[PDB]
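Before any questions on binding or motion, here is one chain by itself as structure tokens, the form deposited in one PDB entry.
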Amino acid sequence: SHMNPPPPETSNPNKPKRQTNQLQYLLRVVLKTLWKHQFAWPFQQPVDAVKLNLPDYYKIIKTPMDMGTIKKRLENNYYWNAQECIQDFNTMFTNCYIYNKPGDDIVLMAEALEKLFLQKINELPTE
């Protein structure tokens, strides 16, 4: 009976756009590497609380984020600063750590993805 919210916005035509080495790197290296990982599939789209039978997910998670949203934002030049993209990644991980219990398979998957994310953003070009 519960409903999913609308996904996060991925495009704003009033927001100015720019292409920096950091953002291109975040799309082509960081996002692409995480997207192909064995554990990416639960994070490639917004959490569907209806299809997954999680009536309390959006009562606990008020800041949803997923890699599909991040990919679409990068592709639309929605981010102006790279820190917006990094914050979205961190928010996705944090949502998974808060909603689920430690030791759940999804949390271990998210932790592996976060380790890879930190390894990949270590080599981020300068501003």
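Definition used throughout: the rigid core is the maximal C-alpha set that superposes within 1.5 Å between two forms. Residue numbers count along the first chain shown, from 1. Compared with the form deposited in another entry:
- Per-residue Cα shift between the two forms after core alignment stays below 2 Å for all of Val30, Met65, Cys85, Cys96 except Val30.
- Put the two forms on the same core and the Cα of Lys17 is off by 2 Å or more between the two forms.
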Second form
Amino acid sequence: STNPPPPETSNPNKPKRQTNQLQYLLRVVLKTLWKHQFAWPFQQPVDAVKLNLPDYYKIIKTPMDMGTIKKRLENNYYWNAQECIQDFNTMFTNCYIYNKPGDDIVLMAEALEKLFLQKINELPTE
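Next, report the structure of the form deposited in another entry; the form deposited in one PDB entry has already been given.
Left out here are the partners and the other molecules; the chain alone remains.
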């Protein structure tokens, strides 16, 4: 099989903005999540060709990864923090549904999700 095209990171039809909340999320990604011990499976779109994962894109129809999220944040793709939070939720859920409960990679995703949720709790005023 082949890889699908990656998710879009810009779109001329979608309103764009830079906000304090979105800049906070970008900081969290660059300073903490990207550099995390468990970031490695989540930094780029899953390369099903390189990893020879024939089932991945049969199962995952809404792929999402931190490389895409980071690029969206850098490109002001989002209108609000909730849109970005939704992409993280998609990323974590994808891991949970492709893999099996208790798998090492699932425990990694759970740890990163826990940390992300702590960071969301500290999302600034505006």
